[PDB]
Structure formats: C-alpha cells, structure tokens
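S.K.: What follows is the residue order along each chain.
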Amino acid sequence: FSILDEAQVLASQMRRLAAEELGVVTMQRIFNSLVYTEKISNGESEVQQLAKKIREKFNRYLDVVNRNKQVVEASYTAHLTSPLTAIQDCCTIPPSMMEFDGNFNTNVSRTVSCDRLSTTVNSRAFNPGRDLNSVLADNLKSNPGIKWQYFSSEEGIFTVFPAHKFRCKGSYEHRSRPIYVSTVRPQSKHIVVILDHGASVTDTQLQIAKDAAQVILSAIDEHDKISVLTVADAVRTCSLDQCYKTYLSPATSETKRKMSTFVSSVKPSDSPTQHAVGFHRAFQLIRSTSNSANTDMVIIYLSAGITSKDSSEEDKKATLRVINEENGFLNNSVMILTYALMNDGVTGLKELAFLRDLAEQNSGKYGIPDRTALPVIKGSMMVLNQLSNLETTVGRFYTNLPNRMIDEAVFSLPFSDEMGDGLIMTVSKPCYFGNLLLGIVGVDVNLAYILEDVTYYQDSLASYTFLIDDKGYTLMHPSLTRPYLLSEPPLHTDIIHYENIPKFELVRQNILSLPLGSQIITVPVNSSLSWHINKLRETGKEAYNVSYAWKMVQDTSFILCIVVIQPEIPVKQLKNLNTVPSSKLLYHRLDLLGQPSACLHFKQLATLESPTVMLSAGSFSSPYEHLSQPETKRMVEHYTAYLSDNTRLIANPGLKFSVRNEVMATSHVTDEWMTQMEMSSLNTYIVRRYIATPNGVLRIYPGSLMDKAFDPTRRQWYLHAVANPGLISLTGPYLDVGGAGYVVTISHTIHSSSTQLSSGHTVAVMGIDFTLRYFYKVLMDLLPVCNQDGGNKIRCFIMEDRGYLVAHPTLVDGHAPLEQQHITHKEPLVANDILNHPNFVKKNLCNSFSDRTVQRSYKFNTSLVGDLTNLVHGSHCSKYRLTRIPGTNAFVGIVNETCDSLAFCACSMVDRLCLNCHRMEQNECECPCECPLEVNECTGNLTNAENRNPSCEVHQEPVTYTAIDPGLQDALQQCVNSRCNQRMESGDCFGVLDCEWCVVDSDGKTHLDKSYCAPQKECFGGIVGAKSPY
Amino acid sequence: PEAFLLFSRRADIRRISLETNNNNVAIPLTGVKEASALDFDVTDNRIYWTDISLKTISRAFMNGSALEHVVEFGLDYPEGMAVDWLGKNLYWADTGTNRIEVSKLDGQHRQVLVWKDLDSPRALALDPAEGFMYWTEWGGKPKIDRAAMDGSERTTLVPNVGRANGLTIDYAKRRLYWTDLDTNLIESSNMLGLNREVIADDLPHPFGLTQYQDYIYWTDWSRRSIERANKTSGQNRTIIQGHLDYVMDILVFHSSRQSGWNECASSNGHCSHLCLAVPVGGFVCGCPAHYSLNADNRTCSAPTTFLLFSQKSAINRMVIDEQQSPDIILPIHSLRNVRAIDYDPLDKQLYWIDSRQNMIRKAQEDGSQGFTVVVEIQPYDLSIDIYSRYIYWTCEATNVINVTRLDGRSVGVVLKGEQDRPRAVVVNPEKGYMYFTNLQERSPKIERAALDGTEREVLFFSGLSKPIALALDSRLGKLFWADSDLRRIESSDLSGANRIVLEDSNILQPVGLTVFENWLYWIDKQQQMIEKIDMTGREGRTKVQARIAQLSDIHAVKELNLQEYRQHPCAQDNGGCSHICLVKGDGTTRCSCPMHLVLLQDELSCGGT
Amino acid sequence: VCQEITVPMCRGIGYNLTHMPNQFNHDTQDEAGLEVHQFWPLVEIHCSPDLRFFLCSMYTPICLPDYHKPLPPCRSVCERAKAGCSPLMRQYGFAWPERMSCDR
Ligand SMILES: *[C@@H]1O[C@H](CO)[C@@H](O)[C@H](O)[C@H]1NC(C)=O
Ligand SMILES: *[C@@H]1O[C@H](CO)[C@@H](O)[C@H](O)[C@H]1NC(C)=O
Ligand SMILES: *[C@@H]1O[C@H](CO)[C@@H](O)[C@H](O)[C@H]1NC(C)=O
Ligand SMILES: *[C@@H]1O[C@H](CO)[C@@H](O)[C@H](O)[C@H]1NC(C)=O
Ligand SMILES: *[C@@H]1O[C@H](CO)[C@@H](O)[C@H](O)[C@H]1NC(C)=O
Ligand SMILES: *[C@@H]1O[C@H](CO)[C@@H](O)[C@H](O)[C@H]1NC(C)=O
Ligand SMILES: *[C@@H]1O[C@H](CO)[C@@H](O)[C@H](O)[C@H]1NC(C)=O
Ligand SMILES: *[C@@H]1O[C@H](CO)[C@@H](O)[C@H](O)[C@H]1NC(C)=O
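Residue numbers (the working numbering), protein chains in the order written: chain A, 1132 to 2161; chain B, 352 to 960; chain C, 9 to 112.
For the record, the hints were derived by calculation from the structure and aren't laboratory data.
Incorrect hints may have been included.
To be verified - Restraint-style ranges between C-beta atoms, simulated for each label pair:
| hint | chain 1 | residue 1 | chain 2 | residue 2 | range |
| --- | --- | --- | --- | --- | --- |
| 1 | B | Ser643 | A | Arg1241 | 55 to 63 Å |
| 2 | B | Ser606 | A | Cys1299 | 31 to 39 Å |
| 3 | A | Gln2087 | C | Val9 | 29 to 37 Å |
| 4 | B | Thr583 | A | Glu1539 | 33 to 41 Å |
| 5 | B | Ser584 | A | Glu1539 | 45 to 53 Å |
| 6 | A | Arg1241 | B | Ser606 | 53 to 61 Å |
| 7 | B | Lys384 | A | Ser1442 | 38 to 46 Å |
| 8 | C | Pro69 | A | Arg1146 | 36 to 44 Å |
| 9 | A | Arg1983 | C | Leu96 | 35 to 43 Å |
| 10 | C | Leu96 | A | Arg1367 | 26 to 34 Å |
| 11 | A | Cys1299 | B | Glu353 | 34 to 42 Å |
Stated by the list, open to error - If you want the ones that stay clear, here's a sample from chain A, every Cβ over 12 Å from chain C, calculated:
| hint | residue |
| --- | --- |
| 12 | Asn1516 |
| 13 | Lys1560 |
| 14 | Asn1918 |
| 15 | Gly1921 |
| 16 | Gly1945 |
| 17 | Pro1948 |
| 18 | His1956 |
| 19 | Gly2005 |
| 20 | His2007 |
| 21 | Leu2046 |
| 22 | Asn2054 |
| 23 | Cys2056 |
Even for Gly, the Cβ is constructed at its ideal location relative to N, Cα and C.
Only chain A is shown next, with the shape it has when bound in the complex:
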C-alpha cells in the first residue's frame, strides 16, 4: 500500500537509462574539463555587428532595384527610338525541367525570358523583346539568392526573367494584381463598393456584378480600406464582424476572404433599388474613419440604371441631393466611379445617362443649389458585358486616381508566389520619362534569403535577435516558424505580443522613434516568456535584467534589435580546441557515400557500424545556399576533411564560428556509445541515441540520414530540457521524425561546468528515444502491485508535466480523439479530482500566432513532495495514489477501481476544438484544445486584456512526410533484424522497435487466444487489421 518506496526504485531506473545507456554522467565530466572564453556585453557591440550584416544584404538588394531602375530608365530613353517590333511568348517551350536555386520550377534560364500576352496588346513601342536579358542574366549570376525579375508595362505585356510556364490556362493579368496597384499609386485608398441587385436584375447581369466586385478586392493592399455594400430595399454590409457596420477595415488577407464570400451569396431581388439610401450610408462610413500619409477616397457603384413608376427622375433627385450634402460636408474629397451592367439591350441609352451624372456628380441638372465652392473630382463611366475583360476595365479603376509622381521604393510583406512556388518578398519602384509613366520593375527574392542572418543567429548563447519595422509588425522572431517552411504567414503581429512582458511598452517607444540605442529593464522571473528563462545564468533568482540594443536598417523602414538576458553575468563559449578525432568522422549523408553495409531503420537510411554527425542549415555561412542548392559528394568531402582536420592547413569551406569546435568536443560520444552497445542488455529496446548543440551539430546513433531542413533546436525534447536544468526530462508520447511512430524521450542538459547549474549555462543536451509500450513494460516488472490484475481495475500509469501518459494499460482506440494520449481522456475521474488540489494544477493560455489560434494546456507542479489522494471526488468508487518520481518531471500513479463511477472530460473526437471559446475555467475538465482569435481586425490589439505572457513559440512545427523511394525499399532488410515471430511472450516483444504484440483480431475487439509477436507492419496498435497512423 506504500508508494514512496516504489518511487525510489523507479527513479533508479531513470538514472540507468540516462547514465549508462545514454552517457550523461560521462559527457557532463568531459565538458566540465574543457576550457571556455568569456564575454560581458550589454548588446551595444553585437547590435552593430549584426546590423553590419543585413544592412549590406539590403544595400545589395536595394542596389539591384536601383540598377533595374536605371536599366528601364535607360530602357525608354533608348527604346523611344530603339523598340522591340517583335513578338515572343511565355509557353510552347518543352525543355527546362531544371528546378535550380529558389526557382523550384521548369527553368532553362539561358539568358532568355518570355512575354506574357495581355488582352490590351497592340503595336506601340516598348521593351525590345526583353533584350534586357543582356543585363538580367548578369543580375542573376552576380547576385545569388535573388529569384524573379519582371517588368509589367503600362501597355500590358508581362515580361519576367527567367522564363518558365506559369498558368497558360487563361491570361496572366498583372496590372490588376496587388503588386502593380500599390506601386504606381502608393497612396492609401478608402474604397467602398456598392452592389446593385434587385429591380429584377438578370442572373447574367448579376454575374458580371459579382465577378467584377471580386476583381477589385483581389487588386488592393492592406494599407487601403474597403467596405462592400449591397443595395436592394435595404443596405446590409458584411455581417461577419463588429466594425464592418461602423468603419472601413483594412484589406488584409482575412478581410479579402470574408468580403468575397459575402459576394456571390446575394441573388437577384425584385424591389426597386432604393438608390439614395445606398449612397447616404457609404458616406456615414467614410466620415467615421480616420485620415491617418496621403489619402484618396473613391466610391464604385455597379448598377444598370433603375427607375420606378412615377419616381424616375424624382428619386434621381434624391440621389444627387445627398451626394451634394454629404460629399460637400467632406470638402468634396470623394470620387465616384460607375460601371454599367448592360446585356442584349436591357439597359437602354437613358439609364446610361443616369450613371453618367453620378460619376460626374452632375447635380445642377436636377435643380440643386450646389453650394460647394470647391470643384468636384470628375469620375469615369465604363460599360460591361459577359465578353468584356473584367481585369482591364474594372481592374483599371486606379488610373482614374491622381498620380502624384511618387518615385520611392515600396517594400511588400511576404506573400505566395503567383508563379508556382512558395513565399516571396518584393520591392518595386515606378519608372518615369519626364512625366510619362512606363510601368514598374520588381525583384522577387525568397523570404528565407532576406532573413537568413536573423533566422539563424548563433553568435552567443545569451542573445537572440528579431526584426521589426516602423509600426511594430514582426518580420522575424524565435516565436515564428522558419521562413523556408511556410505557406502563408500572418505578418499582422506586433512585438508587444511576441515580446509581451511587463514594462516592454516603454522600450517599444524608444525603438520605434530613436534610430539606435540601448536600455536595461528589470523583470520578475515569474510572469515572463520562456525565452528569457532559458537564458538565466545565476542560480536562484527572483528578478533579472535584460538589455535591448536596437538600430535602424539604413535606407529602409526596418529596425533590428538584440536581446541579451542578464548582460552583466559573463557568457561562455567554447575556446578553439584542436583534438584529433579518435574515431573518424562520418557525415550523415549516407546516400552520397554508400560505402558502409547499408540497411533500413524504420523509414531511414542508417548504419549500425558508426554514428553520424549532422550540420543544420544554421551552421553554414549562408543557410539559404545550403537549403536551395543541392549538396554534392564533393561538398561532403570538403566538410569532412575540414571538421576532422587536426592541422590548420585546410581553409574554411563555408562554416560559421564555433562549428568545428563543437564537433571536436562532441566526438567523444563515439567511444561511449560503441562501448556501451556491446555490454548493454537494452539493444532491442532503444530506437536511437543522440546529442545536439545550439550551433547546429547533431550526432545520432544509429547514424541515420536526415532531411537538410531538420533543426533539433526547435524540437520539444530540446526546448523542454533547457527549461528544467539538471533534471531528467520525460517528453512524449510524441511522433518521431525517423518514422518510428510514437516515442518517449529522456533528455538532459550538460553545462559548461558544475558550480553554475542554470538554464543559460546549457551548452548541449542529450536525448534517447524509447517506444510507447516500453514504459508500461517497466511498471509491470519493477512494480509488482501493477500485476494484481491484467491492467483492468488496478491500473498503473506514468504522466509527464503536461498531462500526457507515456505508459498505460490501454493503447489505441472510435479511432479518436487526437489528444487521446492525455490523462483527461484515459482517466476522467482522476482529472476532475486533481483539478481541485490547490497549487498543483495550473491551466495556461498562451497565444500562438503561427496558425492564428490560442492553445490550452496544463502545467503540473514539478516541485511537489509527498502523496496526493482523493480529496473530494472519487472518495468511494475509485481510490488513487499520486506522487512524483524523484529528480525528474514525471509522475507515477495507481488507480483502484472498486466500483463503477461515471466521470466526463470533454475531448473532441473529430477535431481539436474546445467546447466553449468564451471563457476558461480551472475546474472544468477538458483535454488540450484551441480557440481561434481574441483580437480585433479594427485597431490591432487584444479584445480582452489577454496580455498574458504568450508566445507558444510555434511548437506546432508542421510535420512533413519525407519518405524515400520505391524499388529501394525492398532491396534491404532491417538493420537490427530482430525477427519478431521468434519472441514468445509479451515481455520479449514490448519495446522492440520493428515489432508489436498482436492482441486483437482483424475485426474490432475480438480477443485472439494466441498473442504472438509480429513485425509492426502486420498489427498496428494491437489489431492485426488496423490501418496506418499515416
């Protein structure tokens, strides 16, 4: 009935897994005996060493568009008399199939581009067949990293270098894209689009109104404002937000989607249009909005000309009467565009005149005083049918706006490449011939290239960087996902949220206004994001200092900053040592070598003869050139000859500082692992064994081939070990990267020494991965009380500090929930009872901006001593005993179900959704779930005072699906070919990496009476007919 004695023994099991099987007690002594250097910096010197890096990246990037400007500038002063007089095209060319550099598409790029034909193509005189290729190829070869180069003429021909086939399924109209609208007219447009359904508008006549209303919204930018209105007996705007019925909201990706689905959802009404009230509301919206820096305001009206029975020119009177009173009240700032919806002649010649007087604001015709001493902005009127090009007529409304001859580079936020690849950041600048406009040029670059110096910062273990702009939008922060992995990021996130911490709004002031500076603040340890807690270097602190040093990126609207936690405490990094490799270095790319006796370890190419070493993207001098360009066998040999180079004759083939030093300090694990493997009895229980460093070194055994974009510094087991310095950290159950399924990880940190054991003194962590059923095989052998029955009414289980169970009698289920491994779904009654014990369970709401959700999770008190038993609930039908395993972050618990008891914890079996996304309760039991947003797309803050210390730090980490290839899957056997069906009892098959103990027949819940051991490919989760988790 005791429980403490069973905890001392189960804790010695954990130390045997870490000390002997992993080697933590050995590597802690090896790094204890190495000598380091020290720095004390307040951030003043590092901020200008990194501002020295990216400023030259922007200067070379501004010198490309300033070049391509003076290219096209000279490409009209010469081509006013040296034109093309030639024709080419962007398809019908079947070589290519290169996919080189960022251009992951078919691309010859033999200094030849292409010409995408618009509909408004004639003779005229412009770019000489893109003879610009002369310089364009030079630009691509002399500036590596850049992607697309293009010129969209005012005429309409779209010319892009290098050439590729990009949607020849229609016509690629670039003059109606958000890129070319916000460049020639960079002033902020306040547009409201009024739609005319009703008065028996035919469906083909409504289809033009809803298609053209969706070409306008797909052409503007988020610095503009939009509010679409429908008019038919009543005016109803988008009923999907609060500030849509009051203000004009900016045109972000979220507003474009809501406002376009409100289109095509309206069908033809029959009442008279009621024109006058439709315009009176559009002014009540423009009035309430701020001016905020140069603004023009336009109203577009898509009607067919509507009259009544005896109020045909009397309601016309009321429409041009409120146009005089409302627009006159606004100093005649509003411009009116009107587009006629004619087909077959349903709209005559007199209803065209009604839409003429609206665009010109011709109020004097219908007898109006018109006491507006200031003139009116003369609008245009255009006609439409189902044959008109809606991109060149409605999409070209921006030519009707005043062009103020603004000649300044405009920087765009990241967006998906319209040409068939990932993410792009584009800068563009217009092109003038005295006062004649030509078009624009634009240089596309991958988002991962611009930010490679701030996304992979590995200088100091006490610092991290983040990049912002003038108004506070975060372009990069360690809480965001790497740019190379993304599909569409939400840039609309202020640093007051990522770096949310008390007294940050005071430093946010000096960063956005002062060009540079430095400042220290004092923050309590509690109520602080994890990034500052993982870098403390004094043990036992209640408050800590942080130093911010910022500086503007010169010649642009971006600002860099360096964060140094505790600037006064010295930070250590490994001094240059030159140890001779006792065991010779094997790089992890086993596909380019092929020399070892190869085999397959799960979904991996690996070997059991020696461990391998990995270099992540952050370790190289150019992380982008390592991710985009392939890595050849020659590159592996320059890197292998340099890392094991005991001399100093071989030059640096492209590595950062501290990269070779941390490879020569961790090469000692090759002797520890090989010795232990031959005298250990757990060769068939351990799937792998590995160590990681902050500067990008990864040694793994069995030495396996990994994806180039795999970063161990962003995994949970690494981020969880640093938060618990010195303690054995149990992480899982979690889906393994190597295709091994669900695994449980023991992770532990190794420090520079032992007199200073803080989170910030972590120089490396080690990890060892097990199976999902292993830790339940340990409870049955170590602890006899668990075997009183077959894990039915007396159940044993191990829980981590987040609530997940790494050992439990039941394995997998109605094939759901997703968070099925959590204690709230497997043991509902304990969850309701432990929520009531004070100071033991804390529910946390962090804000993860990656996928625009808010996550819920539990954090159990890892410093508990003693037992916990029934306090309120389960006093009769289900006895419980819970205590902490000494020296770790796990908990061991037993349940004695003596009588049936019904308890419930809400857990979604189709999604992850929470039940109630309005409030969060401490005593309300529910498995980890999410809620979308607690902000507002109106002012840009948090609705409730959700200034919780947030930043879930992605932690989603989008799991990929990198397989191998057919034909080679069957040419090899398993490495550790542990033949499964020669193991007889459950104690010999639990934990074997490529086996599984089959208990259920291939039909749901049929207990087969001869449980045998089988390759895991046969019975998944226990059912010999169960399908794949993938």
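Start from chain A and add chains B and C with the ligands according to the hints.
M.R.: Leaving out everything else, chains B and C with the ligands in the frame of chain A:
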C-alpha cells in the same frame, strides 16, 4: 593634337583621354536633359549632340560658349546624327517621323532626303569623300541601306542582319563596322556590304561602337564598361572605364577621323544653298524643303503656289507637286493657340491669331522678323487686303469689324452694332466687297458690304445653323462656307445667286476651307482629315492626309501675278487716300473713312468731330 | 419534511425543495452535486433550454413536504434535451447514463 573619347550618359557628355588614360571630365554644357547621338567638327572644334527628350539638336564649342539649338521643330526621337565636315552639312535620321533629312551647320535650309518606305532609321555614317551615306534599319526587316548623300540611288546594302547600331566607317582600310543586338556580336564588311567578318562575340548587347587606329571601342550595357580591342582580330582586350552604365553613343575626337576632300571646297561648290556630295567625288546643289532646282542646276527657287494648314501649336505647309514632297512644320516660335491664318504673297510674311495671347502676330516663313500687330481685345478671324496693305480682323469681345495696318497703325472701325456679331470674315478687294458671317442668335446670316461698312446687305440667312468658316475665290466668282451643325459645305456666286450644296455627308466639324485651282480643300477637326472636292465635278471626294489632330484653319496661296497686282488702282500710294481705298463697280476709285470719321472736302483725307 | 436545494447548479429552476437520497443513491446534496456538476459545461453552452430542467429533475427531484406521491412529469422534456445536445455530446467524451433513457 590629342585624341579623346566622347560619350553620352544620361544628361552628361563625358570626355575620356586616350593618352593619359585617366582624365575624366564633362563637357561644360547646361540644360541637357538626355544626351544621345554624338558627332563633332574638325574646322572650329564644335561638339554636336541630339536631345530626344526635348526633341532638339543642339550645338556648342568645347567650352559651352555659343550654345544654340540648330534643329528644334519637326523632330520626334532622332538618335541618328552625323556631320559632313567637307560640305558643311548636317544629316540626321529621325525614327518617329521616319525621315533622313539635311540642313546647314547653323540649322538653315531644311530638306527631307529620304521619306518613302523608311522603317525606323537609326545609326548614321557618312563617307563624303566617296559620296555615300550609310544607315541602319530595324522594324520589319532589319537591314543596312546605302545611298548617295543627296537621297538618290538608295539600295539595300546588307539584307540579313539583326537589329544593328553604332555604324562607323574606317576610312583607312575601306571597311564598314557595326554591332548586332540580336545575334550578339560585332562584325565588319567592306565598303559595299560583303566580305563580312565577326571580330568579337558573346556581347549580349553591344550598343555603341567607334574606331580609331588599330582599335575599336564599344560599350556593352551588361558589363557597364567601355572597352578596347584589336579591330581585326579581337585580341588585346582592355577596359577603359568601368561603372559606366548605358552609354547612348561613343565617338573618337580627333582630326584624322575627318580628313579627305571633295569638290564643294571652300566655296560651297558655288551652290546657292546646299552642297550635297554624289559619286565620283562630285556634287549637286540641294534645295530646302519645297524648293526646286532651276535650269542652271546651281540655284534654287521658292515655291510660288502652296498651301498653309495650321494647328493649335504648329503651322504647317504642303505643296501639290509631282515629287510628292512631304509637308513640314514652319519654325515659328511662341506658337500657343492659333485660331486662324492668312498669308501675304508680297513680302512673304505669315500672319496668325493667337487666341491665348489675344494677339495678331506676323513672321517670315523661316521664323525671323516676328512682330505683333495687335495686342480688352479678342480677335477671332482675319482677312488681308493684299492690295491696300491693311488687315480686317473681327474682335469677339467688342463685336466690331476693326481695321489695322500691316505695321500696326490703327485705322478705325468699319462695322459695329448692338445686335451684330461678326466672326468669320473674308475680303474681296478686286470688286470692293467684304464678306462676313453674322452669328446672331437663332438667325444666323451671311452678309456683305463695301470695304468701309456702308452698302450693307444680307446675302443668305436661311439654311444656316453654325457657319464657322468662310472663304472665296475671285476667279471662279464663288463664295464657300462650312456649317458644322448641319454638317455640309455649300457654294454660291459672289452676288448671292446660285446657292448649292457641294457635300452633306461624312462631315463632322469643318472648321476651315479654301480654294486651290479647281479643288476645294477643307479641314475636319473631329475626323482629323484634309480632303478635297473637285469643283468641276468630274472627280470625286478625295482624301489628302489623315492623322492630323487639333486642326484650326487652312489657307491656299497662289503665285502673285506682277502685272495683275500693279494694275489695281489702290495698289500705288493707297490710291492717294489717307485711310480706306475701295474699288467701285463703275471703274472709278473712291476714298472712304471708318464709321467714326467723315471724308473731307479733298475726297482723300478723313476728318473727325 | 423537505430541505431546500443547496447545489448551485439546480437553484432557481422552478422549485426549491428536494429530499435525499435520490435515484442515483446519493446520500447528501453534497455528493449529488459532485456528479451533476460534471454536466455544467453542457448547461452553459446552451444546446437545449431543457437541459438544466431535465438533469435537475433527476439528481435533485422535486420534494413536496406532505404529498409523497409519484405524480409523473412529461417525457417531452427528455426527447427535446437529447434532440439538440446528443450530437454534440457524442462529438466529445460525454454519453448518456442508461438510467436516463427517455423510455422511463
Ligand atoms: C509571482 O507571481 C505572483 C502573482 O501574484 C506575484 O504576486 C509575485 O510577486 C511574483 N513573484 C515575484 C515577482 O518574485
Ligand atoms: C541588474 O543589474 C545591476 C547592475 O547593472 C545589478 O546590480 C543588479 O543586481 C541586477 N538585478 C537583477 C539581476 O535582478
Ligand atoms: C508548487 O511549487 C512551488 C514551487 O515550485 C512550491 O512553493 C509549492 O509549495 C508547490 N505546491 C504544492 C501543492 O506542492
Ligand atoms: C484495491 O483493489 C483490490 C482488488 O481490486 C481490492 O481487493 C482492495 O480492497 C482495493 N482496496 C481498497 C478498496 O481500499
Ligand atoms: C490599440 O493599440 C495601439 C498601440 O499599438 C494604440 O495606439 C491604440 O489606441 C489601441 N486601440 C484602442 C485603445 O482602442
Ligand atoms: C591585331 O592582330 C594581328 C594578328 O594578325 C596582329 O598582327 C596585330 O599586331 C594586332 N594589333 C594590335 C594593335 O595588337
Ligand atoms: C544640269 O545639270 C547637268 C549635270 O548633269 C549639267 O551638265 C548642266 O550644265 C545643268 N544645266 C545647265 C543649264 O547648266
Ligand atoms: C481697333 O484697332 C486697335 C489696334 O490697332 C485695337 O486694339 C482696338 O481695339 C480697335 N480700336 C478702335 C478705335 O476701333
């Protein structure tokens, strides 16, 4: 005697030394927005350049002194330009207007050499010692043409090339060098288009090209540099300057690049205007635009009969000749808003009304002797009494028919009334009458009166809405007018009888008309057309010219007969009158006065009170 | 003699007096409240308006001091509760007790 290298870049004409290859200085010039074609003169060390943003060709010395615009009207975008250092002439190739023209070194005597079947000429090279001019074409079929330096014997010299530029002649080796932008190379050939050899390759865009001694210089927009190489082999490749992006033209500045001789010599070949070199080192005497060569084949003659049609900011001139010569723009400065035109065939001066200045201004055909005759006032239309030498012009602000001398001395008012609205006006001094449109509201009239304002009678009043233009022809004895509202052109005798409609179809906005022989020309502002109707009725309505925006007025000019003019009685001493001299039908000549004066007892002078 | 309802979930529902034990063998309102509050998330999400009225009629049944008769309610309250809430209950981890089948 040192040789430099001149090149143009944006608004700068920059100079590079070839000996001490380090001196980088700019030619001291101001007002240049964009420099393009370059060439010089060996005689007085002048530098010549084309400005295709200002549509001008300007000239100055090597110090910026004597900065002058020699060609300033009628240019679209010319980057072809070369200097004839022997005959002291200037050639240029305009791509927009598709014309290779000629003028003197000071910009006088403008003539068009090639204007037929010319598709965008650019790089221009001259060989005056032999009498050939070479140029390049792109457009439809890129080719290099050959012709004599007078426009004759035009031939296609090299047919199968890409878009070429930087045409330069090596006068020592008898070879022709050029660049190619589509095939990406620089190649050569002998003086007649064959024996072609590629000198250097893999130049993605060799724009400029020049030659001096054994070295050819070029600029490639990809490499952003000026380079040197062996002219025949392509070896010995050196860089002159880097970081020079987009040079528009390069030129070697030395006296040996402009040697040789021809028969023009220092006496201009004893030609009256232009000395244009032809084969056998010979010459022919050229003539300005619309001039013809006389019988002696050394002197030129101006056109005796020709037509003038005006625009809003440009006055033009075209002739009906069997050469089919093109029209030209008259180099008249400060043209702002021309409303109507008329011409003096005696002193060869062109008059016009500028409605933005409210002025009646006069000037020569070549632009000199600009003078303001009248300078509130608001002229509208004018008609010149070429015999008595005085002008009748209508003021729209005061609604009077006002008389002013050719020198500007006011005569007086001859017609005024509260309801009168005189607008279009044409005079007929051969019979002593003046015709004018009276645009009274809802009753438009066409009236006539003697040259003093009395004897007023209404000719035609019905069938009119907006008679906007007026003209007559005393030979045919007809009166013509155009109606822009009824959309028709009508005719009638000089007495009011025989009113007919010549055309009432395809008429939109006829703002002017005049008579030339048996042809009635009129201009249509909306349709942008010059058209003609044969008065004899044997031929149909014929299009003359299209694509002419902002039409205002048209006026034909016949040669002035020496005997017919002097036999007019008011031609000598204004008939002895102090003011108005008008011919009366009874064969006698009578003096008259305006409406605010009375004829005195001497019947020659006027009196007041 | 009946006692007044003390569980915060079933207060102000139409009646004030209840008597333990109930149908689920709860000896005190303290123990009956510990199980009925496991349905509190469903009540505040407002799937069916009849949910609090139906659940409380089971755990805290109506007590009349000197009546003591089994006057029945009305099945219509059971089949309106399971109509709007059962598709959401099965979506999460909740399931109806067999002692609450709409046949009794
Ligand atoms: C820890 O957080 C509590 C929350 O109220 C606060 O009162 C306390 O001061 C914090 N500890 C510090 C700042 O050392
Ligand atoms: C903050 O830094 C000061 C020195 O600048 C130091 O004296 C103080 O102890 C620090 N406070 C902390 C670490 O809480
Ligand atoms: C929770 O942990 C804190 C410190 O980690 C400790 O002070 C407190 O006593 C713990 N509470 C319980 C109930 O163990
Ligand atoms: C624990 O369970 C066992 C068997 O299930 C039972 O014999 C024992 O009485 C239980 N302990 C209690 C009820 O305290
Ligand atoms: C939202 O926050 C911003 C600061 O980023 C502030 O300027 C604005 O006033 C806030 N909106 C409110 C208080 O409605
Ligand atoms: C040009 O090349 C020829 C090769 O035949 C050589 O003889 C000559 O010296 C070269 N000229 C110069 C200036 O190098
Ligand atoms: C006309 O030109 C010819 C040249 O062929 C010349 O011989 C002749 O003398 C000229 N005519 C007269 C009349 O001189
Ligand atoms: C007519 O002549 C003068 C110009 O000579 C003109 O300015 C003025 O308005 C008129 N004067 C009289 C007296 O009619």
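S.K.: Minimum Cβ separation between A:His2007 and chain C greater than 12 Å?
M.R.: At about 9 Å from chain C, A:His2007 fails to clear the 12 Å cut-off, so the statement is violated.
S.K.: Determine whether the Cβ-Cβ distance between C:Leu96 and A:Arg1367 falls within the hinted range of 26 to 34 Å.
M.R.: 30 Å, holds
S.K.: Note whether the CB distance of A:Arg1983 and C:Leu96 lies within 35 to 43 Å or breaks it.
M.R.: Violated: the Cβ-Cβ distance is about 24 Å, outside 35 to 43 Å.
S.K.: Over 12 Å from every CB of chain C: does A:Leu2046 meet that, or does the non-interface label fail?
M.R.: Per Cβ check, A:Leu2046 is inside 12 Å of chain C; nearest 6 Å; violated.
S.K.: Looking at A:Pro1948 again, its CB stays over 12 Å from all of chain C?
M.R.: 8 Å, violated
S.K.: A:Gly1945: least C-beta distance to chain C exceeds 12 Å?
M.R.: Violated, because the least Cβ-Cβ distance between A:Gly1945 and chain C comes to about 9 Å, which does not exceed 12 Å.
S.K.: Going by Cβ atoms, does A:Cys2056 stay more than 12 Å from chain C at every point?
M.R.: 8 Å, violated
S.K.: For A:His1956, is the shortest CB-to-CB distance to chain C above 12 Å, so the non-interface label stands?
M.R.: A:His1956 is in fact no farther than 12 Å from some Cβ atom of chain C, at 6 Å.
S.K.: When you take the CB atoms of B:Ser606 and A:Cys1299, is the distance between them in 31 to 39 Å?
M.R.: 59 Å, violated
S.K.: Does the Cβ-Cβ separation between B:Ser643 and A:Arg1241 fall within 55 to 63 Å?
M.R.: 57 Å, holds
S.K.: Is the gap between the beta carbons of A:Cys1299 and B:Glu353 within 34 to 42 Å?
M.R.: 59 Å, violated
S.K.: Do the Cβ positions of B:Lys384 and A:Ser1442 conform to the proposed distance bound of 38 to 46 Å?
M.R.: Distance hint for B:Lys384, A:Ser1442 is violated at roughly 59 Å.
Consistency note: the structure conflicts with the earlier hints numbered 2, 3, 4, 6, 7, 8, 9, 11, 16, 17, 18, 19, 20, 21, 22, 23.
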